[PDB]
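Spelled out from the first residue to the last, the chains are:
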Amino acid sequence: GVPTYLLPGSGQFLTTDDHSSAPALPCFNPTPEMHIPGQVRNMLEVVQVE
Amino acid sequence: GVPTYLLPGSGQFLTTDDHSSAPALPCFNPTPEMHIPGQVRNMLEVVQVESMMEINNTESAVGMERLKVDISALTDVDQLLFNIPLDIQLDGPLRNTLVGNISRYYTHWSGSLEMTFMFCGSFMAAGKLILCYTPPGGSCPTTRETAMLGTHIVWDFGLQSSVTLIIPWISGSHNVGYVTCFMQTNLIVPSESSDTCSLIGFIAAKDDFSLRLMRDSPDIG
Amino acid sequence: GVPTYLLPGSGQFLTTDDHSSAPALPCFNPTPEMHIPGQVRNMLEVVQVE
Amino acid sequence: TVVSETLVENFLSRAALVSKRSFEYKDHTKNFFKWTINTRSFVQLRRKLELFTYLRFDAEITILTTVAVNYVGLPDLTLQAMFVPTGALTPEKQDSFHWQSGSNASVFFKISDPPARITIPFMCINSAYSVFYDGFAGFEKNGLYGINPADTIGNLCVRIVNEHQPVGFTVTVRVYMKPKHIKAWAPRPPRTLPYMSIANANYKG
Amino acid sequence: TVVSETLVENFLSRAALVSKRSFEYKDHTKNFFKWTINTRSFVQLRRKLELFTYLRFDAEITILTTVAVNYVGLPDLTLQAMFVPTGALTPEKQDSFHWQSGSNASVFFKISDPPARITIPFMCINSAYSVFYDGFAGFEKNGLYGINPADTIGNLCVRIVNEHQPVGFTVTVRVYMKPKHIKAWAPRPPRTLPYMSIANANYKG
Amino acid sequence: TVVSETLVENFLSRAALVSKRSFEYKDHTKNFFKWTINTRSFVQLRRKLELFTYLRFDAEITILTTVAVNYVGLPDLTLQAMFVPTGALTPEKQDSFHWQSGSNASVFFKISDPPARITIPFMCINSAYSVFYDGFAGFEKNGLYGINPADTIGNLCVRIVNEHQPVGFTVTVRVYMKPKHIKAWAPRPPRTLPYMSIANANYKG
Amino acid sequence: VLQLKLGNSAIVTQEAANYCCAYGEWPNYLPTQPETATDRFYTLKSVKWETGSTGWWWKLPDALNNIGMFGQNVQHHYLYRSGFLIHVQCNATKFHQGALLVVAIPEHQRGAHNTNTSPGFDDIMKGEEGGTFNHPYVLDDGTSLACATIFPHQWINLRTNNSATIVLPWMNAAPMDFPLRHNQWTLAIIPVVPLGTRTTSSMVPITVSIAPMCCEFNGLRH
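Protein chains in written order, with this note's numbering: chain A, 1 to 50; chain B, 1001 to 1221; chain C, 2001 to 2050; chain D, 3001 to 3205; chain E, 4001 to 4205; chain F, 5001 to 5205; chain G, 6001 to 6222.
Calculated from the structure, these hints are not laboratory results.
Incorrect hints may have been included.
[Stated by the list, open to error] Cβ-to-Cβ under 7 Å is the rule here; a few derived chain D residues that face chain E: (1) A3015; (2) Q3044; (3) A3068; (4) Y3071; (5) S3112.
[As the list claims (entries may be wrong)] Examples of chain E residues toward chain D, derived with CB under 7 Å: (6) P4075; (7) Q4100; (8) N4162.
Note that the Cβ used here is the ideal one computed from N, Cα and C, for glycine as well.
Generate coordinates for the entire structure from the input sequences, incorporating the hints supplied.
Next up, the structure:
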């Protein structure tokens, strides 16, 4: 196939890493998202309140 | 998925390799870059700046007077002032400079150098000198005329206060060159001025000076 | 990431294989190539000489 | 002296240890653990999530297994991590079939390997999880206060695949959970007072 | 006898060992080390960086672990390398939770594997690091000379995940740091005189 | 009975063992080897390269490590292969820092793994290597005959990273070199007569 | 001959052309200003330069801590960023010989000889009085004077030019800095060639002027 070589630090577990992993329960559709008042997308909106 | 096989030498740690690795702290924005004067993107810009050669290196020479060469009015005609070896690895006047200290991190060095001499004596000092260069394996001059067979210039104290010397592309890696200076005439100074004057040598690098093959600095301290 | 599986004979060292490997001294420029008389690109040119 | 990272997605998402347990194994001549994988146990993640009311996220579970010594050397055990969703009754007759039923999702991993990493999707009847639930459990009329039957993810069940191995080594299992796709609603005040119990909001002061 | 590589990026970037420590482990019936990962300790990299005033780079940390023998055989330990950023106070009550807090970035790696490699970003209040700082630490009016509180990267904390293993082997950890994205300003003269102390510029001669 | 492969690139390029050494290791209560990686030692590659005068190629070094037995079992050692380029003086004070200096290129590899493979670039003052050099070494006027100081690649230095391990096993290291990007000039006659010494062209007959 | 007039005062100086810009830049404004309040050149105390003079150093703004109008704004506001125009004029006759190296050392960490003890507050910040080089050959920081030319510098030779003008922009990692704490630049006059004369001992005065041109201030208090 495609020859590959392992880079230094391969296989380690990082706490801050972001990657996609295999899902545990495939073919499962979560409940759709109803509109909920007060959606907070940023922590600064909470801080700006007196 | 995609079948793959491990190549020989996979998983080893190389010191000189360049690859991308997973960041330690994601979603972190470093401080933006303010404009800082004197951005240096190349090590040759530091080398091209002129530096002080120490010509006074001798026995019992320590401190500030190692940068100057004393010339009195009692000297005779045709006396050797000094000689400057061009070897970077060995210790000449060039041991600690801007071109020397950076070249000690490398091995092969090729390029044309430059030397600038400045006379720090009084305004009324008269007389002339001679400035000569020695080619590699150039039969180092006994007195005078042997130095004249090469590139030379007659420099006067009164007319020119500075020296511009272009040396043609020395070479070295891991006795070749030299600089010979003599007394053309006697040093003429008035009664009120001091008898002893001095000089300060300088060296820089041209635009063709090149470097490569990084290594470790031989001087630990 | 991209799921992969090891093929039979992966990791072995072959004598006749040709592949790219990590360079030992990066950011090093070799000496340029001057023209040298008598460039031989094939072993048959040596054989054809009497 | 002298908004990208301030986002809620980066704020709530971090790798933390929500379960720490080590079972004693020397000579049995059983070995297993199950827990509801809830955020009220670990104290730093609890108050971290007490700031918001409703939360929508996909739990990402990673199991890290380390073997200690109580020179022999460390053999390589085979472990099975099974997730039991809410609604599956557990009449345990161990040594026989519940674990191996094809309904529950299971994963196999060795001791020396990249840590097993699975992503649990969003399982709820409602739109999002309820951290603060004012009411009682089900309709019992006096039913339990402070626990909503509507939100239960399930139990994480892990056992060793191999039979009894004649060693005195203790297996230590660490479970980390980093949520993803986090959506926040109704921020609340932080709770300064210590936690007396994880079952309710009672304070000491 | 007889400009690509001369660039600053290739000149300052090299793999060097900035920390060397080996803790004695035989019988404890603790084991850990933390250090400020500074360039003033290793003598060749110090003078290498004394040439320039301000520097901007991203530190790339790689931990290499080797186990010696004081025939049993080498078991495979699990190690945890955690980076503690500046501003996190360290009230160490070991055997309990600070290491495992989800705020600090941690990485897990075995003995036999590719060396763990992480890239630390640029963390500063100002635009670039200060190698030469003329002034005093904070405002104490007599505060410490030669140390700028504005620039501190943090402490690198590494411990073994597994519990005590009954072996007499000594674990040797090597930490290499190769900077990337290097930006230079204000080149200075080299220092020929030896280093008396790493805390200041005093010379002997 | 009864031009692609005839090319010089395929003719000179083959995997051969240019260095064979095994150091005796039992009880030291040092271990290392360095060599100039030259083609005049191995007899089949020498005459292979004696056909041509000047050669331009990039050496590809691969280190194969095997451990013999003098049942315990084979532990996994960590080895460090460092390349020392020409011009680096070697004042060896072992147990301290020269090996770990960031200037020289080093590589780390375990016993069980794909063999460590590095590609050495073309390092020369002139355009190509000189197999046949008519003259003397440097300018000493009587300087050594038959050796050109202009062409020296360097020394290959390999040591074990871990400390002394209490085993009686002997480590065997094999170094293979396959040149690539080969350019040939001035073919010469083959040498039928045996090699008396590797330092010069003297023949016996 | 040419007078340089900045503000309400001025000083007779040599013809000023092609002045040295440190690292090839000039102190522009950060992308009120003291072009009036604190503007004019502040002339420090003239130092007596003899044959055995090792040198002198004035950190910026160490000599300016309390000077004239500028001494008020030092402790008055919270932060500032300021450029500097330094003109060092050394008056002497044609019978005197010597050389003076005026160099600006950015981020100068001082040091001591044969001890590990770090200098105190009074040793670093001397105010307007200024210090004296202990070992000017090693610059007191451990480096060498031969390669010290890498910084911005000008040469004062009693033959060619008896004065020098060096312009220093704002050099810092932060956009603003603390007045009484950190010293961004350093002004040093290095007598590479000592004095010589017919008489045993003479006296050559040196005049130093510094203009905080194109600066700002923030954090009004008091």
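These are the hints, each one checked on the structure:
1. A3015: With Cβ-Cβ at 5 Å, under 7 Å, it holds.
2. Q3044: 6 Å, holds
3. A3068: Since chain E brings a Cβ to about 3 Å from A3068(D), closer than 7 Å, the hint holds.
4. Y3071: 3 Å, holds
5. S3112: At about 6 Å, which falls below the 7 Å cut-off, the nearest Cβ of chain E leaves the hint on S3112(D) intact, so it holds.
6. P4075: 5 Å, holds
7. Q4100: Since chain D brings a Cβ to about 4 Å from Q4100(E), closer than 7 Å, the hint holds.
8. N4162: 4 Å, holds
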